[PDB]
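Engineer: Starting from the known structure of chain A, fit chain B with the ligands onto it as the hints suggest.
There are 2 protein chains.
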Amino acid sequence: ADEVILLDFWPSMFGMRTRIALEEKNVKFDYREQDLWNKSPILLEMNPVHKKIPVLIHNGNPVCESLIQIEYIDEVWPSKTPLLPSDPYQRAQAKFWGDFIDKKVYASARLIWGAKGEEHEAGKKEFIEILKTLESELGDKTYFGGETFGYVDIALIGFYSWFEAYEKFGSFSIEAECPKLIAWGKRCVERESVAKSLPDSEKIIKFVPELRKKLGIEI
Amino acid sequence: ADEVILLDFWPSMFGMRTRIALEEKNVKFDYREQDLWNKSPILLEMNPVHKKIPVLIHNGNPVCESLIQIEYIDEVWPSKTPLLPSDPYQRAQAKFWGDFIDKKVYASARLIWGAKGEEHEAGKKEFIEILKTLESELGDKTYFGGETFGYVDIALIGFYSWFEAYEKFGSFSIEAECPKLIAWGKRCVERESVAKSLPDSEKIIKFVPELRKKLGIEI
Ligand SMILES: N[C@@H](CCC(=O)N[C@@H](CSSC[C@H](NC(=O)CC[C@H](N)C(=O)O)C(=O)NCC(=O)O)C(=O)NCC(=O)O)C(=O)O
Ligand SMILES: N[C@@H](CCC(=O)N[C@@H](CSSC[C@H](NC(=O)CC[C@H](N)C(=O)O)C(=O)NCC(=O)O)C(=O)NCC(=O)O)C(=O)O
Numbered sequence: 342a343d344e345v346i347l348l349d350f351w352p353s354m355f356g357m358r359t360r361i362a363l364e365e366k367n368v369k370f371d372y373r374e375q376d377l378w379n380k381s382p383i384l385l386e387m388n389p390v391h392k393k394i395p396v397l398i399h400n401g402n403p404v405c406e407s408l409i410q411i412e413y414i415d416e417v418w419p420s421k422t423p424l425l426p427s428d429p430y431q432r433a434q435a436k437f438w439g440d441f442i443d444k445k446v447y448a449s450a451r452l453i454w455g456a457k458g459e460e461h462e463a464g465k466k467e468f469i470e471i472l473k474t475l476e477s478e479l480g481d482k483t484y485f486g487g488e489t490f491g492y493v494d495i496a497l498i499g500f501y502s503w504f505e506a507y508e509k510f511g512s513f514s515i516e517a518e519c520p521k522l523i524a525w526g527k528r529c530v531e532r533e534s535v536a537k538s539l540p541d542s543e544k545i546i547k548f549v550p551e552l553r554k555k556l557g558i559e560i
Numbered sequence: 342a343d344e345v346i347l348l349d350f351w352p353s354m355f356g357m358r359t360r361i362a363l364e365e366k367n368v369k370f371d372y373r374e375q376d377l378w379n380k381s382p383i384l385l386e387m388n389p390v391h392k393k394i395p396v397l398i399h400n401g402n403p404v405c406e407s408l409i410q411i412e413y414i415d416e417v418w419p420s421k422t423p424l425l426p427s428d429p430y431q432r433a434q435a436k437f438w439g440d441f442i443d444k445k446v447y448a449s450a451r452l453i454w455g456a457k458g459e460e461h462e463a464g465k466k467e468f469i470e471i472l473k474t475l476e477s478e479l480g481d482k483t484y485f486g487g488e489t490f491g492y493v494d495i496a497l498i499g500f501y502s503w504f505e506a507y508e509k510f511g512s513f514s515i516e517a518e519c520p521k522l523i524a525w526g527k528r529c530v531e532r533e534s535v536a537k538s539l540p541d542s543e544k545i546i547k548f549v550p551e552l553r554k555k556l557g558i559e560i
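First to last, the sequence lines map onto chains A and B. Take the first sequence: its letters are residues 342 to 560, numbered as in the working numbering. Take the second sequence: its letters are residues 342 to 560, numbered as in the working numbering.
For reference, chain A alone in the conformation it holds in the complex:
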């Protein structure tokens, strides 16, 4: 009777964030796969402004934007170990890195599998620099959240599911460039929340050609 619905699209690293946050809080939810090429009434009713997934619907009330949903989850299901720190400065730094990930990672990553030529190579270069900036922030910590798996980890880890695809389509190795970020990603995939929520990496690889066709990309 506390009802939680998640409107989502399986390979979305953004939706993965809200799957993971929910699993971390042990919240039971109803996952509803959406067709973004034939948008459903419920998606169009719940996110009228942007018409995007994920949408988290809690007792009929929609919360849009994946990072906003992580924070809402953290506040509504509070725990001994919070996803966001209570210290205001440390909270602001977590928000900063979430904002950074939203601004930077996807746009460069998309040029790896979804473009060709000069644009593609410039996208690969920028994507690696962005990862190195994140790897420098992580430093020698277990998680971006320090000893605890937190907001920034959740913000980034959905992208990890696509790393095999980025390596394949960009003919390069992320482990060679960012070994510590790889070690971090392996650690996070050992968590139940993450292992449950991320699709298989090969499934993503298999889907890229179909996805390219659906997005009008000819490669």
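Because the hints were derived from the structure by calculation, they are not lab data. Accuracy of the hints is not assured; some may be wrong.
It does not matter which identical chain is meant; a pair holds if it fits inside one copy or across any two.
Claimed, not checked - No more than 25 Å apart at the CA atoms, straight line, and that leaves these computed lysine to any residue pairs for SDA-like:
#, residue 1, residue 2
1, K466, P389
2, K445, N400
3, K482, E533
4, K366, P429
5, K421, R432
6, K509, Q431
Structural biologist: The following block gives chain B with the ligands in isolation, referenced to the frame of chain A:
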């Protein structure tokens, strides 16, 4: 001791947010005008990732990104009413609208004063549609924050200082399109925090031609 330094640029609607938040809290701060064409060592040290103003420096600790700074300010210093609601759902709605403003308003507004031709006319049209969306959200409420002036009001009000400029350089009338949004803006500029923080609309108009030259825009 408590030291609050704000690295800023006078006509920035992003920096205006942080000025207004600090004034709502009655905080004593040191405002430090920055030359974005000859960036200072402090700006570069305090915002190494983006190298952008505003930067809020609290006892030597920097906080980057204007909306993040409003939230930090709200958590750190007391006021009669908070800038963000304590209800998680309302808080998430406020975040939603702040994110919407950051994603949409500037990119269209920039085409009004900073472009010519088809691009300019399309920018004016999109800017109007964005304002109408915002005006529908506001509805018949006194503030976006309902009865209390808050986060969303602060997120948008800096752009109000530029409306006379947008109408002049776009040869159009926002009041004709969005009268309730104009009423809102007039109401907010009566708040002492806002009146102290916004430049004179005329000072902005007088600056546009210089600003165009500095940005390499020929009009
Ligand atoms: N900030 C929101 C972002 C949520 C979001 O983007 N949701 C979309 C699906 S997540 S898969 C990544 C996405 N891809 C698409 O949107 C595919 C279709 C789109 N037409 C495209 O060409 O990319 C993406 O990030 N794309 C790039 C871009 O946005 O510039 C979604 O629901 N899309 C529906 C749509 O019609 O676009 C959050 O964090 O929640
Ligand atoms: N999200 C941050 C945004 C803070 C930010 O953009 N700060 C810049 C000053 S605010 S004035 C509007 C700004 N204009 C510029 O950046 C001028 C120079 C720029 N090179 C340009 O041509 O636009 C803006 O919004 N520009 C549009 C854009 O950035 O896409 C700032 O410090 N700029 C420094 C710079 O070198 O760019 C927040 O909310 O705080």
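Engineer: All the hints need checking, so say for each whether the structure fits it.
Structural biologist: Hint check results:
1. Within a single copy, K466 and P389 get their C-alpha atoms only as close as 36 Å, which misses the 25 Å cut-off; across copies the closest is 19 Å, which meets it.
2. In this assembly of identical chains, the alpha carbons of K445 and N400 never lie at most 25 Å apart, being 33 Å within a copy and 29 Å across copies at closest.
3. Taking the closest pair of Cα atoms, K482 and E533 come within 25 Å of each other only inside a single copy of the chain (20 Å); across copies the shortest separation is 45 Å, beyond that limit.
4. In the homo-oligomer, the alpha carbons of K366 and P429 lie at most 25 Å apart both inside one protomer (22 Å) and across protomers (16 Å), since each shortest distance falls under that limit.
5. Proximity of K421 and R432 under a CA criterion of 25 Å is satisfied in both settings, with 16 Å inside one chain copy and 22 Å between copies.
6. Taking the shortest Cα distances, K509 and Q431 never come within 25 Å of each other, neither inside one copy (36 Å) nor across copies (43 Å).
Comparing the model with each numbered hint stated earlier shows that hints 2 and 6 do not hold.
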